[PDB]
Amino acid sequence: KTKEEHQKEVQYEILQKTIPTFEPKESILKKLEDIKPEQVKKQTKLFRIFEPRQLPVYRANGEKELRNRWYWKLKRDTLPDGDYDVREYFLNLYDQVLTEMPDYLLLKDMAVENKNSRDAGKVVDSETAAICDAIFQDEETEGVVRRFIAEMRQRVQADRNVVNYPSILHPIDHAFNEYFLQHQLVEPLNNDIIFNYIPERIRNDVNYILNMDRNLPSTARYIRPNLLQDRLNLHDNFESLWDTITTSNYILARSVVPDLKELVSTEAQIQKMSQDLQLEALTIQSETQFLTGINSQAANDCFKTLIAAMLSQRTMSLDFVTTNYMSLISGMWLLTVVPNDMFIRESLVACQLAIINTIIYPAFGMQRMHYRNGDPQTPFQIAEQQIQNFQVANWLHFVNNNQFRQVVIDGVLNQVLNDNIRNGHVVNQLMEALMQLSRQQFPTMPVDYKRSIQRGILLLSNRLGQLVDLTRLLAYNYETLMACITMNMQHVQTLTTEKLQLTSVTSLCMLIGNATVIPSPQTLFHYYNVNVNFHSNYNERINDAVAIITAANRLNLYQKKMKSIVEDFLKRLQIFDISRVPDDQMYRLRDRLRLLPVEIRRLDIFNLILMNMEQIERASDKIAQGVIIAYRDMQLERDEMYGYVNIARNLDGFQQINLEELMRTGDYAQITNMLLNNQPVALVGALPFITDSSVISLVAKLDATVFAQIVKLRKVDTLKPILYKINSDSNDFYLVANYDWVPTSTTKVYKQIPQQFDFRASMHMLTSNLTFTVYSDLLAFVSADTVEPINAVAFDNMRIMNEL
Amino acid sequence: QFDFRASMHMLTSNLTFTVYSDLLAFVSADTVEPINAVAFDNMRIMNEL
Amino acid sequence: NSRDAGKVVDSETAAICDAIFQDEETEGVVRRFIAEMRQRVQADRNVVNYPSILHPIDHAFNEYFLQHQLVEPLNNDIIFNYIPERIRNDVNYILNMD
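Chains as they are written, first to last, in my numbering: chain G, 1 to 804; chain P, 1 to 49; chain F, 1 to 98.
It should be emphasised that the hints constitute simulated quantities derived from the structure, not laboratory data. Misleading hints may appear alongside valid ones.
What the hints assert, rightly or not - No more than 20 angstroms apart at the CA atoms, straight line, and that leaves these computed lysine to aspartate or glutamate pairs for DMTMM-like:
hint, chain 1, residue 1, chain 2, residue 2
1, G, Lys450, P, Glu48
2, G, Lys8, F, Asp77
3, G, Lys304, G, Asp319
4, G, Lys8, F, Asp98
Unchecked claim - Far from chain F by the CB rule (all over 12 angstroms, computed), these chain G residues:
hint, residue
5, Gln229
6, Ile284
7, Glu660
8, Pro754
9, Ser776
What the hints assert, rightly or not - Derived CB-CB ranges, DEER-like:
hint, chain 1, residue 1, chain 2, residue 2, range
10, G, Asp591, P, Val19, 24 to 30 angstroms
11, G, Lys30, P, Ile45, 51 to 57 angstroms
12, F, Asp4, G, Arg146, 55 to 61 angstroms
All C-beta atoms, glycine included, are put in the ideal place defined by N, C-alpha and C.
Given these sequences and hints, build the entire structure.
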């Protein structure tokens, strides 16, 4: 007997290892309630990739000029070597910008005094102040520019809530900061928005009195959560993820279902049931287990389980002992009120067959149903056609057709109940059928057992008023808490179910009092806030995953593993044990994420980064864009930044070999053949280089000696072409100056010169709001109260519980 | 001779599945009350008062 | 040495791939071929294809193993029908699943 339980544990562990649900279910509540609204990031300084730097310049003869020039240089020149590494670096930059993207900006916080201003001028940011001071003190600056720096002013319009500040920014930096300023997430907040933020079915419920006892200034802001419905359709073809989602929703719902109050005394009800059932005078092999499990704790557990399972759309398994006919009698009410599609098919079939073959068919003297599993009809569906009695037949018809109805409210799919369940009127039909069964002969049944069954049926039937009140309470609590759901209530048969003891159903049926309990306004607000936080986080993490996947694909990062992205996404969803996610579902999630379009903000940031990739990379001083190996002697170019330099402005006129493709393929036949035969070529790819200032190195022709290692090792990661920088700073520049010769080399480094700092092209006026306050908890502005539970009414304006 | 290109084959399998050993472990079975247990003729197996 | 950083089966195939790729005498075409050796996943069909280096007889044996496996799909209907028909047809027993 224990061996079979061990084997069952083994098989259930095998099944459970495929579900990413955290094993201590109750911890899911903490992990869900820890999900906060998207953190509102604020900018403290302007986003900058470049800064102006003073660099020495040289004349056409290679002599160092007496004045430096301003050029744009990367603040952090940390670019890697290799084209693939550069593209990975730019993906990392994209992720950095996304993480540090401000939700809103207030330029006055970053404004600082302009030292040279004659009229109390201010600039954003302190870096702008440093740049402006450096330009003002420079001797080569135009007098007009100096006067403008002394005169340029900020404009603060407080009545308009606007601020304009001068700023010095590189065009890429200005583009980024302008996008941040122009596309802030904050929107105006007023009491109308907060009132509309409440679920519409709660604003209409007379049991809740909502007031706006707060005044919101026009400078009030809030960030709207992203409440798009599921773009991944996790209810479809993701069995394990959907099991986890439904389990988390069920755990969350259990925490918000109210606790029952003023239940019937358990001792009195137990003695009543013992007296009516007379089990001591029977031949039952379960004499004491019959009434075991009937207590207030079990009744509360049943209430919570039913409402939470319906709210989360989690499948339920019915656990019962067939010999316990009181459990079956209570299950009749359970099947009356709870939609039959909320139970796993086998459990519903088993419970219905037990009811049919223990109570109903024996009552009418019918041959016990020989049900065949897998039949499209349930046992009740057969019994309805096979039973002529109108009471039992009508009850069976309702039980057969009481599935959830689908309706979209405020863009959210909701599973709603039959109006007869909502008002509890179907309990009257259940009572009618129960009375009919209590009056039946049970032709061949022993009379003591028949009397016990009929007295149990009467036990359930004489609680008609209590059961009507209980059904109305269940339906009202379900509807009120469903008003707080923001994600579509998809009905899927989950892998694992929530076990429901029919003894707990008996507890609820036999111990429910007349005390109405409804969700507290703060409980409703907490449930709605948790649901909104989970939905918004889900959408934001979908957006992040889709953005990163699209960036990796469009950046041609073919060695990137989207599995890591999907794992990070599931981890940030906070309710998945990623180790237990099946691989097929992981790859399906990857595909579905790939198919989604990218969010507008992230897509725009990626467009900026992609279009400025080339300029940012060529601004680097650590890597070059390639190397031309031309076995003819080529005059060293004369450049202001170097003096004489073997620099190539373009690769025109040379066959190009992509170093990334050569590295990946491993076929060095073509490159080897060209290097052995001295065929002019251009090796293209982000390359580190050595700056050689020695004229003797140029005469020794060392720049041409750095390519044989490619043939030797069949590697291109160690290729470091020589860049000549021959100027008056060279120890042997006298060789250039004092002899009649043309400095030439057989190799050129394909690289770009820096961008000169132009004041007119870098001076901008950044505009923002003077100030505002961003709020997160809108429902904190709502004063919510509830009527006395005695006076709580249902959808039909009658009291939820009337047996008073 | 070992031809590397000619020796390459794409082996295809199911990406993932779980194999179960005891099917009846997934079935929970119980009995009706023995007093009401019936035989092949639809009557109770034991009938004597 | 895969361009896409893909996977192969088994580890012995990877050892052969490394030995061939690193060998100085290997033709560049073979290195190109090794660079493209990656797996393909069809999640919708629940299928995966992996490159492997196998002798024709070895490939025949492993192909037979792959194409003649003993596992069949399992669902609730199959588990229920695993019970003898007369036990299920017996009204004295109630069978349930969760």
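Hint-by-hint comparison with the structure:
no.	hint	in the structure
1	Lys450/G - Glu48/P	holds, 16 angstroms
2	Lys8/G - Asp77/F	holds, 18 angstroms
3	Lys304/G - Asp319/G	holds, 16 angstroms
4	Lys8/G - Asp98/F	holds, 12 angstroms
5	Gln229	holds, 23 angstroms
6	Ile284	holds, 16 angstroms
7	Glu660	violated, 10 angstroms
8	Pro754	holds, 35 angstroms
9	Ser776	holds, 38 angstroms
10	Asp591/G - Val19/P: 24 to 30 angstroms	holds, 26 angstroms
11	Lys30/G - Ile45/P: 51 to 57 angstroms	holds, 54 angstroms
12	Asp4/F - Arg146/G: 55 to 61 angstroms	holds, 57 angstroms
Figure legend: structure checked against the earlier numbered hints; the only hint not met is number 7.
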